[PDB]
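Chemist: One-letter residues, chain by chain:
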Amino acid sequence: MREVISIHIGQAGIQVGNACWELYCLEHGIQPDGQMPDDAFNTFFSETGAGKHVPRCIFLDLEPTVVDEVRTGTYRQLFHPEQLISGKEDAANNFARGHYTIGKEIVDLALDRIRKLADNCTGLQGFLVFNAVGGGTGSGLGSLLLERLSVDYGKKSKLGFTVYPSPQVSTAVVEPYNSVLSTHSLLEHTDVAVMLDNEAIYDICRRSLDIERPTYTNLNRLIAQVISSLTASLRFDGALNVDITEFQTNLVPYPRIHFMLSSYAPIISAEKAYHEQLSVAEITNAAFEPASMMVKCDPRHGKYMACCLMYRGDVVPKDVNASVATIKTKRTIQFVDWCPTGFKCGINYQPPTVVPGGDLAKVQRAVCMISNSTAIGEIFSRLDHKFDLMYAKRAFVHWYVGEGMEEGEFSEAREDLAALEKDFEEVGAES
Amino acid sequence: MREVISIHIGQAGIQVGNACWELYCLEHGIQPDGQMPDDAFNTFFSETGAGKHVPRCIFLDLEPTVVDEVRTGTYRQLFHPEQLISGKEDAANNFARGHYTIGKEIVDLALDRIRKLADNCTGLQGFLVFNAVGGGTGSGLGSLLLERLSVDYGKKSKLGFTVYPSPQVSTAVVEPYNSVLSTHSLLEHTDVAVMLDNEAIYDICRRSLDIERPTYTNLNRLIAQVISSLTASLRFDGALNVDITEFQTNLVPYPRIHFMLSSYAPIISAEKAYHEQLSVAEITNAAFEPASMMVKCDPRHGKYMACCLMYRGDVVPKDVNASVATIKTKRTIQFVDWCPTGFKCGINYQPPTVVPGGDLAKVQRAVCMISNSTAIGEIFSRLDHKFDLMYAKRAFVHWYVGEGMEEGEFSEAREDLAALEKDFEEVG
Amino acid sequence: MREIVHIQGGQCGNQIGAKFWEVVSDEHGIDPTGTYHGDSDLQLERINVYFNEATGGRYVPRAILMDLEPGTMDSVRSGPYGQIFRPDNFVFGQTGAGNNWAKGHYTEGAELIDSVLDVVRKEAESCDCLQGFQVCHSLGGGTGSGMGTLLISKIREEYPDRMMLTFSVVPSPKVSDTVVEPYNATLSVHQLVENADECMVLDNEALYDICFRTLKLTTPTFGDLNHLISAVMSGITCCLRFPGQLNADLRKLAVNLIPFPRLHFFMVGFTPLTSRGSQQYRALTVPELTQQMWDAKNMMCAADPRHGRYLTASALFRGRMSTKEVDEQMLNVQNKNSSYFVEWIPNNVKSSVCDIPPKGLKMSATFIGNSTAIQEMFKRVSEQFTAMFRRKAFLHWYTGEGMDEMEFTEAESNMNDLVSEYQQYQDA
Amino acid sequence: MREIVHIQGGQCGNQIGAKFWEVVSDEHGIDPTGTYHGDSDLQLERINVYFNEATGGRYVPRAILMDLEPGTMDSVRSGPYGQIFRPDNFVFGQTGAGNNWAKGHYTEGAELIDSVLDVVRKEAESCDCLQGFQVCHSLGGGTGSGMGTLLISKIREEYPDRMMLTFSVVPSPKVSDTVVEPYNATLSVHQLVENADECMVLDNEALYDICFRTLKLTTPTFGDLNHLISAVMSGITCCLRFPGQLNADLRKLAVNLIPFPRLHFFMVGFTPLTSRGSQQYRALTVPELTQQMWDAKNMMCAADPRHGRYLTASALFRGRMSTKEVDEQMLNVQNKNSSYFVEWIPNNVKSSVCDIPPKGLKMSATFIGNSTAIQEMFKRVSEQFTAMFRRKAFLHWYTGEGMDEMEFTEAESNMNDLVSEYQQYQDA
Amino acid sequence: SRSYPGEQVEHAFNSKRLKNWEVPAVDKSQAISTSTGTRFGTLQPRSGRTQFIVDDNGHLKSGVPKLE
Ligand SMILES: Nc1nc2c(ncn2[C@@H]2O[C@H](COP(=O)(O)OP(=O)(O)OP(=O)(O)O)[C@@H](O)[C@H]2O)c(=O)[nH]1
Ligand SMILES: Nc1nc2c(ncn2[C@@H]2O[C@H](COP(=O)(O)OP(=O)(O)OP(=O)(O)O)[C@@H](O)[C@H]2O)c(=O)[nH]1
Ligand SMILES: Nc1nc2c(ncn2[C@@H]2O[C@H](COP(=O)(O)OP(=O)(O)O)[C@@H](O)[C@H]2O)c(=O)[nH]1
Ligand SMILES: Nc1nc2c(ncn2[C@@H]2O[C@H](COP(=O)(O)OP(=O)(O)O)[C@@H](O)[C@H]2O)c(=O)[nH]1
Ligand SMILES: [Mg+2]
Ligand SMILES: [Mg+2]
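Protein sequences appear in the order of chains A, B, C, D and E. The letter at position 391 of the first sequence is residue 391 when you use this note's numbering, and the numbering goes up by one with no holes. The letter at position 318 of the second sequence is residue 318 when you use this note's numbering, and the numbering goes up by one with no holes. The letter at position 375 of the third sequence is residue 375 when you use this note's numbering, and the numbering goes up by one with no holes. The letter at position 163 of the fourth sequence is residue 163 when you use this note's numbering, and the numbering goes up by one with no holes. The letter at position 48 of the fifth sequence is residue 48 when you use this note's numbering, and the numbering goes up by one with no holes.
Worth flagging that the hints you see were computed from the coordinates, not collected in a lab. In this text, a Cβ means the ideal position worked out from N, Cα and C, and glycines have one as well. Hints are supplied without guarantee of correctness; some may be wrong.
[As the list claims (entries may be wrong)] For each label pair, taking beta carbons as the anchor points, the in silico distance ranges come out as:
{"#": "1", "chain 1": "B", "residue 1": "155", "chain 2": "C", "residue 2": "106", "range": "48 to 56 Å"}
{"#": "2", "chain 1": "D", "residue 1": "410", "chain 2": "B", "residue 2": "428", "range": "26 to 34 Å"}
{"#": "3", "chain 1": "A", "residue 1": "314", "chain 2": "D", "residue 2": "360", "range": "55 to 63 Å"}
{"#": "4", "chain 1": "C", "residue 1": "324", "chain 2": "D", "residue 2": "324", "range": "33 to 41 Å"}
[Claimed, not checked] In silico DSBU-like links for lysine-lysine, alpha-carbon gap of 30 Å or less:
{"#": "5", "chain 1": "E", "residue 1": "16", "chain 2": "C", "residue 2": "297"}
{"#": "6", "chain 1": "B", "residue 1": "330", "chain 2": "D", "residue 2": "122"}
{"#": "7", "chain 1": "A", "residue 1": "272", "chain 2": "E", "residue 2": "61"}
{"#": "8", "chain 1": "E", "residue 1": "19", "chain 2": "A", "residue 2": "393"}
{"#": "9", "chain 1": "B", "residue 1": "156", "chain 2": "A", "residue 2": "330"}
{"#": "10", "chain 1": "B", "residue 1": "156", "chain 2": "E", "residue 2": "28"}
{"#": "11", "chain 1": "A", "residue 1": "330", "chain 2": "E", "residue 2": "19"}
{"#": "12", "chain 1": "D", "residue 1": "297", "chain 2": "B", "residue 2": "330"}
{"#": "13", "chain 1": "A", "residue 1": "362", "chain 2": "B", "residue 2": "104"}
{"#": "14", "chain 1": "E", "residue 1": "61", "chain 2": "A", "residue 2": "303"}
{"#": "15", "chain 1": "E", "residue 1": "16", "chain 2": "B", "residue 2": "156"}
{"#": "16", "chain 1": "C", "residue 1": "297", "chain 2": "C", "residue 2": "324"}
{"#": "17", "chain 1": "A", "residue 1": "330", "chain 2": "B", "residue 2": "330"}
{"#": "18", "chain 1": "B", "residue 1": "330", "chain 2": "A", "residue 2": "303"}
{"#": "19", "chain 1": "D", "residue 1": "174", "chain 2": "D", "residue 2": "324"}
{"#": "20", "chain 1": "B", "residue 1": "328", "chain 2": "D", "residue 2": "122"}
{"#": "21", "chain 1": "C", "residue 1": "359", "chain 2": "D", "residue 2": "297"}
{"#": "22", "chain 1": "E", "residue 1": "28", "chain 2": "A", "residue 2": "330"}
{"#": "23", "chain 1": "B", "residue 1": "328", "chain 2": "D", "residue 2": "297"}
{"#": "24", "chain 1": "B", "residue 1": "116", "chain 2": "B", "residue 2": "104"}
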């Protein structure tokens, strides 16, 4: 009855889906060969006639080079091969290729597969969309998929975890274009968006886990931990259960402002765990610490508008309340005036799980804080300034105009982003 | 519950931090590997959910060459690795680099450690600052760190056990400069500041302990004996329990005068203990002895504005009041008129502890004296002479003005000493 | 005779009802198997006020569990006492609530009423003499608040003569468990002013106070707070379930309580509450019960009665005791601190008593107060509403269900008139 | 009947409160478990003046411990008789005291009063006939001098008719336990003059001499001093607790002593006090008791009777004796050294007697006297206060708490009015 | 965000007892109009018609005096 659908688009989408599913199988005792040696797996899986638990996910991409690694790996008995969707040619880091030229041939089969996947569902909670803004496939194809999903379902709730184009560390040069294009396209259709940045998670892995050379898999382990914490209350008991609609309602104040930060605590090494105590007050202080933000935004350049917290393990509601009251009394935390309230808290009795050969440490308390602050104006300003600096000269524009676009799409997107940053300015201004 | 926070800055701060934190781990049976084979260790530690006791201190410095030794020394399992803070390069005996260039990008990194180190305290008494006035990290980062504390805490009690440039013995040429700049920066920000010179403790090692091969690890062992004798009431029972809040109140007459002297008695070898009896009257007599002062200042040239006594061991209160009465009958000791009182006292039923391999002797009576004498205007004046002596040619200044300082901060910091000098005479 | 039908709406209600039926069932000595295993014939006489006979001597409760997203019901359906309920008294919708008063009241709630009402009637007629309804709420979320009130207005018109209680748990002043809390609160209050006969208000925060200020607990869980709420809820129907030399039906408790049809908000408190160490010192007599209950700490709501005046009050003592002490004690209070009681009501307390104390005690009490300090809940909620409704924040979620705007102001004006009624009658 | 509540506020307060409750417990034969193990019914007849019954037959003291920084409270709980106090009757704040009158009376007193009074009321209702209050202060410290007076002001407003008594330990003439003793003295005496009905002044100096010369003790610990004070405190309520052929309530004691509402600073002494050697030589007779009690050495305060004039005096005897001898001895004394007594009072002594001596003794006597030699302490104190206040030493500490200088001048004038009042009736 | 006085439970909610010695932020409690002006006073009533000053998407609609 408590069922969700997961969509991993682009390369980073499936790169993090692999981690999420290695997490879920291990957490629920599911062997890699589908079956295990109720109501606990039914959130992510489906039971066939005998024992087999096939996951209710979809891996969508345009490069065969990664879906075939998945098909040949140990996690090949899991998926219905019709879920792993690949294309002959890729989008080549081009929003126009991803949106107008290539993705419109496989949207039909992606949608009918989503239909067949949601048919067996009894009570559908919402769509998780793991996307990576900055690469043509990810950006354009997710925009197209979200428009189709909004016209099909509409009433359903879409969370989008979008690996966002980073300030300085960047493996691309054209991404300031497709980031603006993807935002202007999906803004009207996603129900909530969680931003997170490779630089911020690199800094976290550096300062906390003492790892100095993370090969894109530690970041995925961290994202898997985050989603497990976020969706615990769907498949695990505990006081103050919280689901997707409760999550989005008390967090998205206006139709425009739906982008939000993220954090996690504690996040430590197997020795600092053994040599620390990690009480709930320390955990919440570390969560609200700026240096724990999974995105490259400094919340002290703004004011919070709401926060959501999901405590796990040995946590008591009085301690949660006392720590939230201490945070309120603190002086370095600001709040926009029109929210005297501001915290949606939930508890789960299930501590966070650890993976064999992982890098985190076994703990008994953990917090995944998710706040909607008016400081992401700074990242929107960064992205707009970069798009500006480039489009002042019509750089790279011939690719986008040859692959089935025209010029007006750049102006629409830039004016939408200007309006969005003016929103983030005004709705925070106080009388 | 009766908790404090101990900060160590610079090489001296860390070189004493090894001494004190070797003492407490010994004073509470704490093995160097954290655990041991309540309300006692809770003053300086944090019993984690299983066994281990982490100290609530922070070693801050810029040269990696000292903090790595602690990371390889026997006391490496103790410290939370994030508490031991160390940079790439140091301030290089320069007040500016510790105040404008390097210090500005590590204070907030220390503050986040201090922030999380103040929340786990359920009842906080105050911060303990160990400083090295005369260097770059101690004098530069220290002063910059205190101002960041004064805006963050304000009313809390911050003590300063600041080692000070000795008159004759000196291992620096620019140390008159970064000392002046230190005071004017800490003057308005520390609550009370104890003083002590490396030479004054050298003679103590010569006359009393009779060690003719003294090193710094022979001095830092003498400072830990002071604080262990000063924070016994925080963690040990005993009559006339006395905390830190009641310590600055009845000791600092004006918001300016908070430079004080220190002493200790007895200080004897292992064998002369078998030649003595160490009555409580004899101790407090030798406590007021100028030769037993930990600063090269002469009290018999000035008057006492207050005194503070911490007794320890087999002491009963009648003799403290009996012998102090005698000292007030003696005439070598003076008191400024407007304080007919002046003797805050304290007792503890826990005698001082001896360290294996140390040089003190097992005893059962001890006294740690802290006084605010007006004769501390003499050690103050020389610093105003040597500063004024070199500043006339403005030697060595092209270094300070090369790292983000201007001429203002020199005359600014020079007048305050003049203003403080007359303050040490207006009270007479 | 005197049967009672019981509702549990929302996540909170579905979890307070867990402990409630665990408390009452043990009070009548029935197992989670539903079979009676008590000793006295007293349990069997008034067992039918809550349960119904079944084949084989089982006793199923007269409860109704309704909730969107039945996930929380899967918990209680799996607990120790989850095997007693009839499976047809489990109403739920496949979708979720969303902490949104609108869809919990207009869209989704409406699709369940057609089923819920068939449930309430089929077990309202099995009662040979229906006394009243009672519900358990939470004014924060959507299911408890939204579906709760929508259920009431259907009940208020179908059975207008019967009595409807609401043990509604209201929001907390200093920490809000939801952000949309003030919107959901008033829109529910605007229903309880007109469609409720009695409404006990509770606060999770004041429950924490009693939990570690009086009980001195260490790790309070919601399972322990519900062991408190279930203690006062069970404390009401004692006169219905057990004999007593001065009984007090549920209806006569209201007429003696509310002077005007709008002031149906009360505040409750339980007595005695001691630690595991205090039961060794404190004695259990009527003068003890009467001071802990009259104190301004056992008030389970976060409203200080000393900032207002008592209109009326009540008390439901349990245990064979002297019915004079109860009479002269509640008299002595009104005379001593006469500043807190109104004048145009000479004797403003009602006192009942039951010969049957709780299962494990010898004397106990229960308190109900109708004070004018209850307006403090309404001032604090009124501002938190206007601070964000004047800005039109979080509001597009409510108009999404076709809700109007005057439904917000009318819901608010109705409050800001109720806050004045509580002040006319408070002549200070 | 005639119940009494006991308050100890401060370090010295809480520590002498331990000995006082140990002396009384041994009087009525109760073990630290709380059970009763005496023999006579006299122990059980008037136990209710100090204790409250418990389940299983325990007797808990009617005491309140209020003090910041509960360190000394953790000690007295670890003591032998720490198992008897209700854990509820402890009031403590996590902050420090400061040895400062301001923050004791203004800042942290302000938050503790909310809970101290609720504790006071909840136990003052347990009394069927409240006789009065008694407190143990120490005018040097910060908690006692600050919290104590704030408590007494509140107590006097809530219960003005009753009798509040004080055993205040005043500063010492030559030695000074703290440095701001004058400020703590006057600011407290200014509060005592309006809000006290009886205030016996004790001084540690006088306690030391009695313990040194008379008792011949070699290591007089504060445990012994408080064993002295605990003896003289118990010696007052003997008429209340035990029968007597001429009993004397607490109220009639004041009525006879203080001729004027402002001369309530008494002077005490206990008899007999002998060494282990002289217990064999000297006898136990009423002439012996009165000869030692009238002496100028048993005066537990450092005031010299031979310099002033006795306004009134009182004696309380314990032991089956002849009541003609006491009347004869007191008359004989007045006629002999007649100059030390005022002439416009014909017979200025009262004399009680109790048929019940201390536990191990056979005849005992206790003395109280209202002399004019008490003005000397206030002259010495007022002199030290004006000396420091003329220069404003340590004043920034007091003014940092929202205090002004009128609160010092008011205090000093009120102490100057008191010393002139004492001078008038001292006609030399 | 503001802190409204929880009257009977207002003790044990200072910063101190919550292990916070960092110069508490009091403006969140002082913006309110409590009777005594402090944490322990009760606040004031209103008429409660609650006008709007803003259109659907934030963006204060009229010339409302606002801080830029
Ligand atoms: N956290 C994380 N980020 C990744 C990972 N792999 C790629 N990224 C980032 O995703 C962005 C590129 O997205 P891609 O999916 O590779 O590009 P695309 O959407 O497939 O478009 P085409 O390359 O044209 O097919 C880059 O900024 C990467 O840094 C990963 O494994 N983990
Ligand atoms: N009591 C004591 N004093 C020391 C010790 N080591 C150095 N000092 C003195 O401290 C002063 C300088 O010490 P440093 O800590 O190196 O100065 P700094 O603050 O680190 O400045 P930089 O060296 O430029 O980094 C000198 O006067 C030393 O005599 C020690 O171990 N014990
Ligand atoms: N005494 C008690 N109160 C609870 C409990 N769970 C939630 N509450 C309160 O219920 C409020 C949230 O309302 P909720 O029941 O989750 O939404 P609903 O499903 O629409 O009724 C919050 O203010 C919680 O504090 C519980 O287990 N015990
Ligand atoms: N009889 C007795 N008097 C004491 C004792 N300890 C302290 N006093 C006196 O208490 C005075 C200071 O007050 P104190 O209670 O210690 O500090 P406070 O906490 O601020 O009240 C000093 O003058 C001490 O002489 C003791 O143990 N026994
Ligand atoms: Mg790609
Ligand atoms: Mg150095």
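Chemist: Report the numbers of all earlier hints that the structure fails to satisfy, in ascending order.
Modeler: 4, 6, 7, 8, 13, 17, 18, 19, 20 and 21
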